[PDB]
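As structure tokens, one chain now follows by itself in the form solved without this ligand.
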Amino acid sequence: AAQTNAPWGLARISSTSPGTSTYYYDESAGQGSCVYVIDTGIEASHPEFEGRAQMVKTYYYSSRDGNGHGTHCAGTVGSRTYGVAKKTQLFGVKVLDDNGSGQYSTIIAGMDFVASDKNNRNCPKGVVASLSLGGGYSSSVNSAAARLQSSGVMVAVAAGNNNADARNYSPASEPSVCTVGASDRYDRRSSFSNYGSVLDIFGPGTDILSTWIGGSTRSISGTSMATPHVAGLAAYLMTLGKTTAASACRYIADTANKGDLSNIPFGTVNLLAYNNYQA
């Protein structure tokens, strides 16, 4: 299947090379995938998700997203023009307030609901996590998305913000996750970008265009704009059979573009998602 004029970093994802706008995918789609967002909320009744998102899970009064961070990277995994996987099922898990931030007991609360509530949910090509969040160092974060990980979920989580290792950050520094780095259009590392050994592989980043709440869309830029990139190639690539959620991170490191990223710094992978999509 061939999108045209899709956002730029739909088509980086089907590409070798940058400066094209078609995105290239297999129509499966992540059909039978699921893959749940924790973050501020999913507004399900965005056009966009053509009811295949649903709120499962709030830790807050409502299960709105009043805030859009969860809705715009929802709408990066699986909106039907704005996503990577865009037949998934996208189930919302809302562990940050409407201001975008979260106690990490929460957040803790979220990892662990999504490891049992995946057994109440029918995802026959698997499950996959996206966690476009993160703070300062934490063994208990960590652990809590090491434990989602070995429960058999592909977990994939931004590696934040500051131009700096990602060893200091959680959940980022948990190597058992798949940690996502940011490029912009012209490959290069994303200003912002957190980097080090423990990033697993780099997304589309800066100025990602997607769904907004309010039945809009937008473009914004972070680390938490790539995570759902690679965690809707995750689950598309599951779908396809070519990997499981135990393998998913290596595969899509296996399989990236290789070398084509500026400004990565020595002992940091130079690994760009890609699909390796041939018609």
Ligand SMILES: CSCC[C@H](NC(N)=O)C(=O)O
Second form
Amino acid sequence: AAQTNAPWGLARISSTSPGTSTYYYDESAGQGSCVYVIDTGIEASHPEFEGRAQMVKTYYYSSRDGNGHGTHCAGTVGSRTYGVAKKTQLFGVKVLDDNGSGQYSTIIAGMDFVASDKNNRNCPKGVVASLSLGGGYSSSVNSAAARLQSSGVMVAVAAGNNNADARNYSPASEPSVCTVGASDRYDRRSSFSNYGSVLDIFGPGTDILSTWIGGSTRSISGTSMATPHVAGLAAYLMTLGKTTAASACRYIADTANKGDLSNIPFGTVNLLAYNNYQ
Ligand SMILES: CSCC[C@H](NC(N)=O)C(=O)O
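What I would like now is the form deposited with this ligand bound, since the data block earlier showed the form solved without this ligand; can you produce it?
Following is the full complex, with the preceding chain placed first.
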């Protein structure tokens, strides 16, 4: 399948070269997979989700996304126009308040929730979790992310936005999950992207158009935007049977475009997520 005039990031993950605008992908499109977006919520009523998004947990007085960040990330995973995996099921877990903030204890609880809740959901092709959040190093946060991965969920986490080594951020620094840096449309490391040996992969992160609250769209930047490209790609590849939740990060790195990015510090992987479709 071909989506013309797609957001640059979708085109980039289906291309061996920058500077194209069509997204090519197998029509299975992540059908039968599920992606949990652990964030500020998801505006599930947005027409772009077509009934495939659902809030399943909140730790606050409402499950509404009053911020927009979670809705934008969910749109990059799986919205019809702006999403990698256009037939996946999206589940929202609101661990962040409408200012984008949350206690580590709440974030940990949300990760434990996903590890159990996936047993109440029909996801025969596999389960992914997208975590576009983080803060300073916490062994407890890293352990929660490791538990979620171990339970059989492909966990993708943002590297962080401090132009610093991600070894000092969590869950970014947890080795067993997939840590995602950000690139721009000219194949440069995004100026804010964390780096370091803990990174596993880069995805599009600068100037990413996706869904927003109030039934709108907008373009924003961050490793928060690169992460759902990788999460959606994992769901897509798991639906095709190419990989599993346990192996998907390694598979994405093995099949990535290699050596295409500039401004990559010595010791950081030069790998850009790629779907290998055509
Ligand atoms: C009609 S929406 C197209 C959005 C635009 N796409 C590309 N390829 O530049 C962008 O990513 O900004």
